[PDB]
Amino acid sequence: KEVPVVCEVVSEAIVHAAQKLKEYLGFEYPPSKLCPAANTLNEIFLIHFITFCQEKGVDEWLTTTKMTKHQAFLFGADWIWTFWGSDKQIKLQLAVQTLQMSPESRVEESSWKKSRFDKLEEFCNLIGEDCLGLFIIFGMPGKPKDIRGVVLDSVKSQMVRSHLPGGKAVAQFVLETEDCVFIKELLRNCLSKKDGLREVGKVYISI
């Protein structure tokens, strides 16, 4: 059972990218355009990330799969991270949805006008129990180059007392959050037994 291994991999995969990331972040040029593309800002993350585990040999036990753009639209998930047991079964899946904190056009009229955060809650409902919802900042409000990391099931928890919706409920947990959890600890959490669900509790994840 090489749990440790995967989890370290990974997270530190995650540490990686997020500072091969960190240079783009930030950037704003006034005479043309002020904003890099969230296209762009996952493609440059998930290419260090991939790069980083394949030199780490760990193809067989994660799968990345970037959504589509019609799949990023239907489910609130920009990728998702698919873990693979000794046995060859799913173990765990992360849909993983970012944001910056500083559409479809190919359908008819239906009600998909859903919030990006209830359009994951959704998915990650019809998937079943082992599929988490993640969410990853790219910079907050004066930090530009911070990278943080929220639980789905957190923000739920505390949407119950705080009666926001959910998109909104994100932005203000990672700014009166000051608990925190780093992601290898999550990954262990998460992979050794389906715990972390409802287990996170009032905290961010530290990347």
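By rigid core we mean the largest C-alpha set that fits within 1.5 Å across both forms. Numbering follows the first chain given and starts at 1. What changes on going to the form deposited in another entry:
Comparing the two forms between these two forms on the rigid core, the single residue of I183, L197, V9, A17 with a CA shift of 2 Å or greater is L197.
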Given for the second form:
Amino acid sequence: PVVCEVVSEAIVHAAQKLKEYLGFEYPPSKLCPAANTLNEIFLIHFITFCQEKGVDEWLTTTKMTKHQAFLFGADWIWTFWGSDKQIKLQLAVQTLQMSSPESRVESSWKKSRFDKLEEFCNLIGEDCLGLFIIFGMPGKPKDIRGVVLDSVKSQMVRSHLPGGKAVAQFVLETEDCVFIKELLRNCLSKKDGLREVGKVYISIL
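Let's see the other form, the form deposited in another entry, since the form deposited in one PDB entry is already up.
Next comes a single chain, given without company.
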């Protein structure tokens, strides 16, 4: 039944499963694992949790291709369907690592991933929100936390930073937090209550 509680449970379960691989470094070889590896581990655990709870009818996970991840600035899309089989929400999730690639197009795509994610969310519409998920920070490299795009934008109207630096600035200064269950409690009934979340980050553990 309830879609929001299961998606929050699945996000917590996938973060707990991904915690094992964060901060791994082998100095006699390649230090860090790839960002795509961490994304795929997170998505595999999330999708298996959602399949076990029977919520696949009202939740769609679309992992973006390499072209799509380049163009949209997003690593995957979560589509929340309603009882009427219409789309009620779309979360465009871009992941970042804070412990530390066009390949086919002919450039005009000089923008950062922040500006591409913002342009993607502008083009889809008001029911498409942008979400940054951060795997690891300077100090405590196994911490996973989320940030809504509009909170960053509200900080950029003050700080005048570019959005890529503005996200990293937001994550290391914000003390206030909101849990992912509380953030996703609304999720269907009102759209703006997601984006008026304010100067907080999203706590996942």
